[PDB]
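There are 6 protein chains.
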Amino acid sequence: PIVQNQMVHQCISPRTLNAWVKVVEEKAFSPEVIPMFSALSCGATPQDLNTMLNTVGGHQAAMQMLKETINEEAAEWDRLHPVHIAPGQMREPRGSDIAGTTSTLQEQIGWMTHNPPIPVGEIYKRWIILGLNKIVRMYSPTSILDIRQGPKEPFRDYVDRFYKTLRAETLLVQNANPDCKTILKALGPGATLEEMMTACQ
Amino acid sequence: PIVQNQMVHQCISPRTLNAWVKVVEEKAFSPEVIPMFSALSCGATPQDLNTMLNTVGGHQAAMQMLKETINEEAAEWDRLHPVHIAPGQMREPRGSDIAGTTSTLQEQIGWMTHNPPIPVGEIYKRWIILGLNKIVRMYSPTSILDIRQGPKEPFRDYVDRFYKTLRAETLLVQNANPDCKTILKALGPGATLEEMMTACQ
Amino acid sequence: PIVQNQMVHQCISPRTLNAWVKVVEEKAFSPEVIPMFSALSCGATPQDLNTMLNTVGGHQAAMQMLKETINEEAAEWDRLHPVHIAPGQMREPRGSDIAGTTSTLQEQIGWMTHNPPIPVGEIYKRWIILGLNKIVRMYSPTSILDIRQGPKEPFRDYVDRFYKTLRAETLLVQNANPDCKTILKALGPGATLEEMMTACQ
Amino acid sequence: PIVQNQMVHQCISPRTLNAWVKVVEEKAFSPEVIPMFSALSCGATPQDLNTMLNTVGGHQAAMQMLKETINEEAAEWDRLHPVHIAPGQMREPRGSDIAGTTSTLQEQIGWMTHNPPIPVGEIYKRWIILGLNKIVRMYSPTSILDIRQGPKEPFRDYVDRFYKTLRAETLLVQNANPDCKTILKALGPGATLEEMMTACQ
Amino acid sequence: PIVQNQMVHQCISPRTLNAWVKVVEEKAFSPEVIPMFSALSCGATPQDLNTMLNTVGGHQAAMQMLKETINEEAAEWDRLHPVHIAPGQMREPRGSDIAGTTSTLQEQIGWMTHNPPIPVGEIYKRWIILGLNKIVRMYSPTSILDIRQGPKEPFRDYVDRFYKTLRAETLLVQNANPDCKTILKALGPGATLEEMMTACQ
Amino acid sequence: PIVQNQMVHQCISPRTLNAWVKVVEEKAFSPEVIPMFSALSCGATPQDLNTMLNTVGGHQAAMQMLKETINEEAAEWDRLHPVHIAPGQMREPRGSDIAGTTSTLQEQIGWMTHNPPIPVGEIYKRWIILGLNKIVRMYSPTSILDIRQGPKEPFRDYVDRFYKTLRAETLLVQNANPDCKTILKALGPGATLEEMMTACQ
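Chains as they are written, first to last, in the deposited numbering: chain U, 1 to 5, 9 to 87, 91 to 175, 188 to 219; chain V, 1 to 5, 9 to 87, 91 to 175, 188 to 219; chain Y, 1 to 5, 9 to 87, 91 to 175, 188 to 219; chain W, 1 to 5, 9 to 87, 91 to 175, 188 to 219; chain G, 1 to 5, 9 to 87, 91 to 175, 188 to 219; chain Z, 1 to 5, 9 to 87, 91 to 175, 188 to 219.
Chain U on its own, in the form it takes in the complex:
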């Protein structure tokens, strides 16, 4: 990553490397892996971002899809920012430079610490999360339409499933079981979630 000492490059830590690999092993593409990815990649160069992605051993279908999305964003970057070098001067980054496949670490450091800064690490991270979100959506196992409260399922457990599904991807009341539904309907309009859960507790 790049962090302050002056902004300077620091080696990615074994702790960071292991944390990412483990989250993926343990959580796959559950939605909460994305915020973890973003935090673990705080201050990351494109090189660092590639390191994190490349250290993943499984899920190679997903990792290929991600490359596809990345290449799509890089092409759109090239469409909006065509590049044209002068001895000793900073060149303009193209898509594959931001994605760290045709740029060196030193070039990335130069862009990231220039004045004004060209935040290639942040730009690349945005593309990666765009791709990751597609994957989270794809690997979501259930439709919100199929999340319905069971006959003796605690309302809390049902709401947990409902919003967990919504995150991966009136209905709450509709999909509630008969007993709870009657209670919720009587609540009247404008009830908060807290109120509904207390009601069916």
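A hint or two may mislead.
Since the list gives no way to pick one copy over another, a pair counts as held whenever it fits inside one copy or between any two copies.
[Stated by the list, open to error] Below are the DSSO-like pairs computed for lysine-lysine, each with C-alpha atoms no more than 30 angstroms apart in a straight line: (1) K140 with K199; (2) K199 with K70; (3) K131 with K199; (4) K203 with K158; (5) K158 with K30; (6) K131 with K158; (7) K30 with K203; (8) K203 with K25; (9) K131 with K203; (10) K70 with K25; (11) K199 with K25; (12) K158 with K199; (13) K140 with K70; (14) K140 with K203.
It should be emphasised that the hints constitute simulated quantities derived from the structure, not laboratory data.
Starting from the known structure of chain U, arrange chains V, Y, W, G and Z on it as the hints suggest.
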């Protein structure tokens, strides 16, 4: 977080990230999770606070309720502090800025390190703990009225349950078993907890 | 805590937070938990001390007793140091300020780093350990009078139990078994512990 | 490694040492071990690189092959950069110097921190990864030609295997099972991977 | 401990605290615990040394014996260095000051960082190791006279036991079994251990 | 160890201490323990080196042999560098000084940071590794002559054993099984290891 070097931004640590996720996995919304949250979020920006909340994978009912409380505090903030920008100057934060959904990290850093400082991290944390407390209360499994000493339950174990329940949510003596109750009644008024526990030991 | 960089505030560490919670989970109120508490709270502000106590999830009877002792010391502090503020100036701390319930972190930092320093962290820690010691004493399971060497119990194991009990709360010889007692009596006056243990080895 | 303080030598960490040894124990020569190796060897001197390789206890066939590749690159280096010393002056590195077998740490530090820098750590790392890639290829257990979707194998699981094999080492559709193949064929030309996987989901 | 920044006090680490407690739990008073103690107490003040000893929960017989030895060394210190204070000046340390029971941390820091330094941490550590060595000796389970090679015991295993016993507390050959003894006797005078072990391998 | 801040002494870390003790517990004297020892002792003083050796609890036969080798190197040092002190001046180190048994830490620091430096830590480490190598050789369980490919043993597994044995201590082809041997013989002269392994794969 923001910490001294001068106050500067530091990336949230893998240790901090894991600690929070693990406490929630292991303790759910037992009351002692709140002090842990506050300590783990020492010096946190709103971005950091969102990271911590968002990295939680389960309990999505609770996490939705929390969003509700947060939006309520943000609206009250907007009611008390309407915002009106000048080139190069600091804008005033609105509710959603303090909650980190419409403000950038750099803006948050600017507010937090301004003179005088606008402690958006501390303001947001207060809202979050307000919401968390509601959840702790909701998920409290038992009424203090239902905590009564068992026939052969050690007084100490009963007092543990009693104050554990009180924390999540004369009575102590009333709910004690007959044998202990007689002892405690004879103690007379003004007895400390230490005295009562020694008495029924 | 407060530590040198100049004395400055540092966030309490996840390592420190976990260590304390784990010692309590694993050792309860065995006497050796107190020295651990004191060391883990090296340089602690009152806020930090409250964090450590509050992160404990079990033993709520004990934690209530501790609050009682703390309030007693705070009242005695107020009796000896009545407080009377001038714009921009440091106010005098009352009991509840030292206990961190009515003082802010910044006020605590101000007191702790003033010249001369008002060591509110050290004063509060003394009160807490006073209360903790009462609890260790209360939860001590056995009287030293009931620690007697078994017929075929190794002398070393008996001495371990004896001094372990003494810590939680002539007698050594008296409570020794017949065979060892005869040996020890013949040792004559003034024998060290090392000498007694070698003798009955 | 060499890192900034000025560039200075830092001892390789126990964390780094253990991480590498463990990845090899746990993952052998699966392709994702290479990006991990490169990241764990961030800033490494040739001495550090040798340390990492030499701390591996198993896989001695592979480690011998790696030495072979290294010696081949060192010979080609010597062919392109013949060396010819002046009292107090920096000598030119030969192949075995870059590979750290005939150069001292101080010499390596001198080369790496000279102006202009002679990046012997980076040059050696390139040779090592060249050799490691050969090994990954050798230890790849299956031909991409033998990766075919099973009768009731989820398309996602099949694509995972396919790209995992491709990494170690039209075909995707050809090797898909009859049911999925029909769907994919109807998709028409130009379908992305995301589209194919959704189609056969 | 005291370490350089200038020599300054640093809080004892949770890592250090746990390491010591664990070694004692896992190894008791095996001889190798002493070098570990000395290393873990690198730079320790007397306060730190007391912390380490006091955090031990078991072995209270041993811990009492240690106090006895410590008091004996402190008395001999007082015999050789009688103490006689001037406003603002450093007082001379007595035995119990070096042992940290009647001296404050600030006094210990003052002594340890004075010019010339009065190394109270090192002096106390010497006393503690003197006491620990007595305990290692006491808890040594076997006499070197009872370490004899078994009929089919590998010579290496026998030598391991022999020198392990010697550490806790011609003979090597004498106690070897008949077959090995014959070989060793034929070796002639002056044979190294390596030679003997190779011979009976 | 000694490291830069200026070169200064740093306490050996609990992480380093534990890593070494664990490697020995887990790997005994397998050859890869030596590179680990050298890396973990980066920057070590003789005191540190003794700490590492002395913290080992088992293998006391080996540890005695090591002392023997160390004393032999120290005697040869004394033969080549006889020592002859001037008030305030640095004395010359003898063998036992380099081995840290008759020199203080401060003396070791003085030698190691003098200009020109007298690298007593590096000199001692060389002696220790000389002794360790003897032990690795001694504890090697099998002769390379007894490493022969089994009838249905994969060539790769056989080569692993062969070079693992060679490390602890034409033949490769000779010791290969009949089927593989025929293939290898037909390969002709000059075949690399990679080529042989591919051939018999």
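Quick rundown of the hints versus the structure:
1. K140 with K199: between (34 angstroms within a copy, 23 angstroms between copies)
2. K199 with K70: Between copies only: 23 angstroms across chains, 45 angstroms inside a chain, cut-off 30 angstroms.
3. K131 with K199: neither (43 angstroms within a copy, 35 angstroms between copies)
4. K203 with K158: within (19 angstroms within a copy, 44 angstroms between copies)
5. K158 with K30: Classified as both: same-chain Cα gap 28 angstroms, cross-chain 25 angstroms, threshold 30 angstroms.
6. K131 with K158: neither (44 angstroms within a copy, 37 angstroms between copies)
7. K30 with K203: neither (37 angstroms within a copy, 33 angstroms between copies)
8. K203 with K25: Neither: 44 angstroms inside a copy, 37 angstroms across copies.
9. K131 with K203: neither (45 angstroms within a copy, 34 angstroms between copies)
10. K70 with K25: This pair counts as both: shortest intra-copy Cα distance 21 angstroms, inter-copy 28 angstroms.
11. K199 with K25: Classified as neither: same-chain Cα gap 41 angstroms, cross-chain 35 angstroms, threshold 30 angstroms.
12. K158 with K199: within (13 angstroms within a copy, 40 angstroms between copies)
13. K140 with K70: Cα proximity of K140 and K70: in one copy and across copies (12 angstroms, 24 angstroms).
14. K140 with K203: Between copies only: 23 angstroms across chains, 36 angstroms inside a chain, cut-off 30 angstroms.
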